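Here we start with a single chain on its own, the form deposited in one PDB entry, put down as structure tokens.
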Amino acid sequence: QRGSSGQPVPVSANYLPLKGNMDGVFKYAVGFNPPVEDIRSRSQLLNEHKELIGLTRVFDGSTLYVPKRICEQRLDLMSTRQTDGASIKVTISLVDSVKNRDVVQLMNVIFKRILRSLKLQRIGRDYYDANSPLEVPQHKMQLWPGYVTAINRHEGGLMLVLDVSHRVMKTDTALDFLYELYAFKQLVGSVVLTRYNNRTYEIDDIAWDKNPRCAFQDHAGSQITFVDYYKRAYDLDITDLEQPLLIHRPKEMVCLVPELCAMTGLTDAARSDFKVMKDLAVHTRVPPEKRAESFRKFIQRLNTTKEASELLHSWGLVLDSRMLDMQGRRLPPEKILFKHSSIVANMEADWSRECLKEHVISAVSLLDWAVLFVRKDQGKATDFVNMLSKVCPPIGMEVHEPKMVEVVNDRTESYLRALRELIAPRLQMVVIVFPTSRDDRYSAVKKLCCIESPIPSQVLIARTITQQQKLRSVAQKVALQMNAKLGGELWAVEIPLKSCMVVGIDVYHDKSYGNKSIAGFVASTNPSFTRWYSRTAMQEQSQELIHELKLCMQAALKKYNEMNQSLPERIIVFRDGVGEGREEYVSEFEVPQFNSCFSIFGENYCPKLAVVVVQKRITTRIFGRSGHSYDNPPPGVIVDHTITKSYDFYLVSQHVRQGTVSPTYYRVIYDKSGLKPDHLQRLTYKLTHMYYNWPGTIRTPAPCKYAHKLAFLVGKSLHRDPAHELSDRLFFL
């Protein structure tokens, strides 16, 4: 899995390495012949002979883990419980811990108890802090930091994956909220928690008929008033006498007094305030340095408590004091090509400025084309056409005066009538200017322009052509998109792999149109990866959909055969849309279908397939380290070891000006191409530049994003299989 391409760069990830040696731990089964309903009964059964069962036990259904070997492997205890007792049959039996899949679960439970050994309380899965708030003393709000941690196993051993989050908070009481509100949804949705007994309480129902003078039987004794109760419990007073009360019932009733409460989350009015969200964005969008600061403070809190550390010592695992530090490598910047010119990409990996003033490779003379709009939007469309005339000769295209057609009114019926009248064999592109953003009209227009009488078209809104001092870049972007939707290529990159047909797949999961689960298939056609062939497989099955994908692959391969007079030696399938629940299905079910029927085109024709799974969401964050400063790494950084599981890698390719850049995770589930891992990594980096919508770099490779866009367009708007006349073009950008 090793590869040496670029220059070394020191980086650090948010992984705390757990030097945890599990020795002597064995899954002891206790059980009993007469079943007992209560889990607490079983826990107390263990605790009765806890002197022999140990002072540090993990029992969650008779799967008793004790840290050290029991002196007698088989130990039988008969004991009587409290209710009747039934002569419980406690008997110790041994089960091995060899497989090590139980080790991660044991780690998780012990580490949960270790996290609660501190004074961090839980408002969920996260254990939010209640001692170091981030005051925002203008909105009366308050931000609590908190941590979510998940022990996992990586190439370097066991890593505590760690990520910080912020939970908002107010300081005005609930009665202040009710003061300013003189409704039900805001109060019920909020999760009010009292300060004295710091635990989260959920409000489900309100009763505007109770009061503090009401009585509740305390300690199963006599009646007490809420004022008396809180006076005798926590030494405080409550002033109001006819205020509402809040009812909380778990899954008897708990009556919260809405003066001691403190609402949480954000209310709709609080969210609507632009200033509030602008202020909280600064804290929520954490740069790398502040994220590292919170991480370091968490490590110090774990280390210096002396209660969590004792439990760590008890279970025999060592914890480390600094976040993981590794030595990654940065691939060189890529020479972007144009017609008789080249530009080396920035350290930011963005060449919009050079794209605006440099000649594209292939340009289509936009001779015959027409513009469609309502009368109200005449001047804006005319001004847009003038700027398209202005900005095209600089970049290479020769644009002529389009045709000028108006529609009777704004209704979809008139647009459809005008399109049915207008479309002719010679017409190349139709521009349609929507006065608003209505989904059904867009669906009908794209239906007519992609199924019935297929012609590539550009729809644009009357919002992005009215704001002057910005229409120049809008025209320069629409011009490139228009060139893309005609068979012309914009830029190119030096790709040193001959005869490697690249494939991209992504599936549009959706329960909107019959849960059809539309797919998308995109395949390259030339040695430079600048022309694409796009098909879609829409099926209500998990088996025959792969047969449609088989047909798509066969058609793409024969298209390559026509367009290059030979067949590809390699096929690389960058697969997208596969999460963590359904990772295995590709490896064993979809892949052999691709492997099976490639013998129809040649004598023992077996192209060297290789399948790659793309995950855009991960809990890993990678910072570059300069001296003692943490900052986002530049685009083009590879991390292929010490945080990777099985022949995979992390690529940083996006540039983000706000917060921490999220790397993209690439696995190679099926590898038969014969390419070295280094060349596959470099190919995945180079394909990142090949997305025409955005000059620069993107998260996923260009084929995967193209497939996602095709599937999205087919599933959301067309609801049908688009025509075959538009396959060789990119008609979905």
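Between two forms, the rigid core is the largest collection of C-alphas that superpose within 1.5 Å. Positions refer to the first chain, counted from 1. What changes on going to the form deposited in another entry:
The residue among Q458, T171, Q554, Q615 whose Cα moves by 2 angstroms or more between the two forms, once the core is superposed, is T171. With a cut-off of 2 Å and the rigid core superposed, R699 has a Cα displacement that falls short of the cut-off between the two forms. Comparing the forms between the two forms, the C-alpha position of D678 differs by less than 2 angstroms, with the core used for superposition. Relative to the superposed core, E202 undergoes a C-alpha shift of no less than 2 Å between the two forms.
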Second form
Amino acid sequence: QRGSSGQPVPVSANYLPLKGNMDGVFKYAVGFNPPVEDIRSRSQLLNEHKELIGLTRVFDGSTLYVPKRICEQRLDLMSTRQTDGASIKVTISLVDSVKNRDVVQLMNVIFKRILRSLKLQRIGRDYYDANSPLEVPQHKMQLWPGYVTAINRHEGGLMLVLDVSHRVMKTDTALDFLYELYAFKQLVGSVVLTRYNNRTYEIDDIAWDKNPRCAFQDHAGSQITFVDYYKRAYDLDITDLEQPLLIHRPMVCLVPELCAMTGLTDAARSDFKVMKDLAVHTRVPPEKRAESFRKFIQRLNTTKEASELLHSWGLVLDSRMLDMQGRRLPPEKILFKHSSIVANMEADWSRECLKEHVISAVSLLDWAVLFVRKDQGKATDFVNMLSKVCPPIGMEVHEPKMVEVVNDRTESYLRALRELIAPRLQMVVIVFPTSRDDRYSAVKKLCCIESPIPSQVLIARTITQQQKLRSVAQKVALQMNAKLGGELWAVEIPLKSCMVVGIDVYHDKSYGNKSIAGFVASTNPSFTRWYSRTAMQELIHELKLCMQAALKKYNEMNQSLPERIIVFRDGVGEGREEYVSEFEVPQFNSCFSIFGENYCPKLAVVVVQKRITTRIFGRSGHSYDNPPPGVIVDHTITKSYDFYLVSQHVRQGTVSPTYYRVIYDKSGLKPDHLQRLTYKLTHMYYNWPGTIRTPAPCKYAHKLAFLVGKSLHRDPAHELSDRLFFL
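Same protein, different form: I have the form deposited in one PDB entry, so give me the form deposited in another entry.
If you are looking for partners or other molecules, they are not here, because only the chain is given.
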């Protein structure tokens, strides 16, 4: 159940083993007979009685945890001492000491209280400070240091995972952002925080119907206005008598004039200046992240309340992150038509791809170019450069059919497109003056669904003379050759008569929560051509037909049927992993089996997760740095047949590994032959020459899902299923 083929590397991970003083805590169950009545009463009486008997604890309704046995193991109190004056029969019953399963929740509560002791606020699911900000003053911004803490049971033991996060908050006030707007979707996700009390509330509604003159209830129903209360409490005022307000449901009202938005808005997401200004702060190298880790753990063991609480619960934690032994997979041989290039440590061959011929090239006897009269010169020079650069890379290209669209609007483009495309024509390229998503969507709708024509769209800006021409032509020629059903490079995959399948779902709130599911399955021994389908429903029953159709395509192409079927599942949360095993695997097992006669394929189902809080650093001596791409971590953190792989190379900052969780293995593949396989599949992406994060079938499936949900909104035509039209 463990990999075995790879040279070991020294690595480390942001984890803290917690000492095993677990057995001490004893559990008491509480019982209340006559009134019951909720917590206010439960807290009061339990407080008094159990405090005389003992101190500390957690009591969530019925269960109660205390480190020591109560002075009486069974104790009965008979007085509610409430306003009514009735009686309550308190029944304390000691049960075992603590279950192995139940310790995790207890230490979770304890550590969240510990972190609250340090003055750190809890925003989102994260713990951020509010008195030590890194500040970028250009665009009214800064960063708040943050710690992403979680106590969970991993195979190594009861482990606290720590991770340094940063949360952008704007010095500008919500009133100024509203003035800029003069946006229901944007604010609801953001957790807007108040400035006067430095308290944080997730926002739900943005209501301008209400007015500040309306006064909220307080002091037993007395109506007091917001401005008077804020002046009395926090010593500030609201300048605007009439203003929009924000609503959060626990009736909580937030005033924009004192509210500063956290997070970065969609306009800020698009604006490149904001991203590049933030990146130097938010993106942290590995050495500074290690230094922040050791500063945090030094801070935790020095403050008074935190130091006392840990010894009160009798747990002492290590003083440094965990060290471990990952293994580096050998670099793989990337195979071009007439030469082979072994990728460097950076795992990039973008320069080399320019100078070598593609494996199999669809000779461009004819292709078309649409353009506007303004960019006619741009189109001509681009076509000339493209014709110049193609013969070096093996493709053979002829001069196009050039059509000048009457107007830049998409409708004229469509009117030309219907007449232009023919069964003979292999591809159409399009010139665009402005980058607008609707025009791209209409073009891709015609090209993918309504008519079977692969196509490429180019906005004018990237082709505005200078040295843009060579780079853009060389990075568009390969994309065109990939869209024409031709392969650029290859790697040697030992697996024979295997059909790797990649499933990833793109949750789109806009399109009625359709949960667009991708489905990409190889149809070649060399894993260079693919069959693409997409399943959508309001997945359960469309995956059936997608899988049967893919099996039929493989049978049509290879005159056989596969013995192995490897399924990589993405887009599923950590909680819902068991749901997939319960409901999806048996359905697949029966569904392809029933069609045909006595056909039983193996179905290896592996779940892939990108968003994780685990970090793997490397060292050689004392300095902490990023590990080279291609390192596996399979032991001491992995639980029940999983592993971690680093495959991406980052120019600035640290690497985020990828989690792989084998939820159902019946294929007979070794864990090592699956690890190496999913590493080799990482180089199979034809848009980026080099490695990526997620395996190539899953990345293709994610792009297919994104294209179908964001742009096409329907099923791409079955004619283009064989071609990677979505690249």
